[PDB]
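Trainee: What follows is each chain in one-letter form.
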Amino acid sequence: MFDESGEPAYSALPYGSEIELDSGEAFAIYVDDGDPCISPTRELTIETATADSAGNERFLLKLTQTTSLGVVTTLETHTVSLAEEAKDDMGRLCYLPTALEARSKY
Amino acid sequence: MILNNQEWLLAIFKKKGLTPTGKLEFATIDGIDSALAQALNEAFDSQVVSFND
Numbered sequence: 010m011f012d013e014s015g016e017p018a019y020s021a022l023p024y025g026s027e028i029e030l031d032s033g034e035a036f037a038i039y040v041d042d043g044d045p046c047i048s049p050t051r052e053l054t055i056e057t058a059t060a061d062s063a064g065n066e067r068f069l070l071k072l073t074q075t076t077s078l079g080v081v082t083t084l085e086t087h088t089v090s091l092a093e094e095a096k097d098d099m100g101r102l103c104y105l106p107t108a109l110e111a112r113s114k115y
Numbered sequence: 016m017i018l019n020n021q022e023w024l025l026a027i028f029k030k031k032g033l034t035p036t037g038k039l040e041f042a043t044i045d046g047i048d049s050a051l052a053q054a055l056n057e058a059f060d061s062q063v064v065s066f067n068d
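Chains as they are written, first to last, in this note's numbering: chain Z, 10 to 115; chain Y, 16 to 68.
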């Protein structure tokens with residue numbers, strides 16, 4: 010879960026249960042695939058990107074996989090915008106839930 | 016070149032639309048008789064007789 014400032018909070022939930030966002034939290038990102046990250050560690054990286062043509066703000070979301078030994082590999086990258094009406098460099102939508110549902114399998 | 020994201024805007028044209036109405040208009044066959052009567056006269060014109068008798 011992500012605070013308004015942007016700090017992360019970690020937790021876990023049973024598979025049957027549904028996510029409920031506490032007040033004071035903006036958004037949460039979880040793993041759809043039924044894959045525990047115990048032996049292969051999955052890391053999430055956030056960095057800023059150029060603003061949209063219409064003045065909207067967008068950032069880069071990246072996912073990486075690290076083994077126990079220390080070998081780091083890259084899984085996925087996306088451009089995501091918090092604004093409801095935002096567009097990608099290719100013209101696709103950048104709204105976080107819609108983009109994650111469309112072009113992400115993790 | 017007007018290029019936004021990955022699409023080009025090439026040209027803008029203008030069109031003329033036609034939407035009909037039920038009304039109709041037609042000519043009459045009355046003037047054809049006068050036309051034929053006038054046309055018949057050109058047969059006798061441009062005819063001469065050299066020697067009188």
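Be a bit skeptical, because a hint or two may be false.
[Said to hold, decoys possible] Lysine to any residue pairs mimicking SDA-like chemistry, simulated, CA-CA at most 25 Å apart:
| hint | chain 1 | residue 1 | chain 2 | residue 2 |
| --- | --- | --- | --- | --- |
| 1 | Z | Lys71 | Y | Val64 |
| 2 | Z | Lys114 | Z | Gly33 |
| 3 | Z | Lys96 | Y | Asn20 |
| 4 | Z | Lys96 | Y | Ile17 |
| 5 | Z | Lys96 | Y | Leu24 |
| 6 | Z | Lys96 | Y | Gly46 |
| 7 | Z | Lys96 | Y | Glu22 |
| 8 | Z | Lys96 | Y | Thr34 |
| 9 | Z | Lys96 | Y | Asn56 |
| 10 | Z | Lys96 | Y | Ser49 |
| 11 | Z | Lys71 | Y | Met16 |
| 12 | Z | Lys96 | Y | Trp23 |
| 13 | Z | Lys96 | Y | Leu25 |
No lab work stands behind these hints, which were simulated from the structure alone.
Trainee: Holds or violated: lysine 71 of chain Z with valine 64 of chain Y, Cα cutoff 25 Å?
Mentor: violated (112 Å)
Trainee: For the pair supplied as a hint, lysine 96 of chain Z and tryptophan 23 of chain Y, is the alpha-carbon distance within the 25 Å limit?
Mentor: Answer holds: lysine 96 of chain Z to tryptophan 23 of chain Y is near 17 Å, not above 25 Å.
Trainee: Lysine 96 of chain Z and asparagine 20 of chain Y: Cα distance at most 25 Å?
Mentor: holds (9 Å)
Trainee: Would you check the hint for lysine 96 of chain Z and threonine 34 of chain Y, treating anything up to 25 Å between C-alpha atoms as holding?
Mentor: Given that 25 Å is the threshold and the Cα spacing comes to 40 Å, the pair is violated.
Trainee: Taken at face value, is the distance from the CA of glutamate 22 of chain Y to the CA of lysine 96 of chain Z at most 25 Å?
Mentor: holds (13 Å)
Trainee: Take the C-alpha atoms of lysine 96 of chain Z and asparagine 56 of chain Y, compute the straight-line distance between them, and say whether it is at most 25 Å.
Mentor: violated (82 Å)
Trainee: For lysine 114 of chain Z and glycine 33 of chain Z, compute the direct alpha-carbon distance and say whether it is at most 25 Å.
Mentor: violated (28 Å)
Trainee: Would you check the hint for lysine 96 of chain Z and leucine 24 of chain Y, treating anything up to 25 Å between C-alpha atoms as holding?
Mentor: holds (18 Å)
Trainee: Hinted pair, alpha-carbon criterion (25 Å max): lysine 96 of chain Z, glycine 46 of chain Y. Please report holds or violated.
Mentor: violated (71 Å)
Trainee: If you draw a straight line from the CA of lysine 96 of chain Z to the CA of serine 49 of chain Y, is it 25 Å or shorter?
Mentor: Given pair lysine 96 of chain Z, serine 49 of chain Y is violated - Cα atoms ~76 Å apart, limit 25 Å.
Trainee: Does the structure keep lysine 96 of chain Z and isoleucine 17 of chain Y at a Cα separation of 25 Å or less?
Mentor: The hint holds at about 18 Å.
Trainee: Quickly compare the C-alpha distance for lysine 96 of chain Z and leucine 25 of chain Y to 25 Å and report which way the hint goes.
Mentor: Holds, at about 22 Å.
When held up to the earlier numbered hints, the structure conflicts with 1, 2, 6, 8, 9, 10, 11 and fits the remainder.
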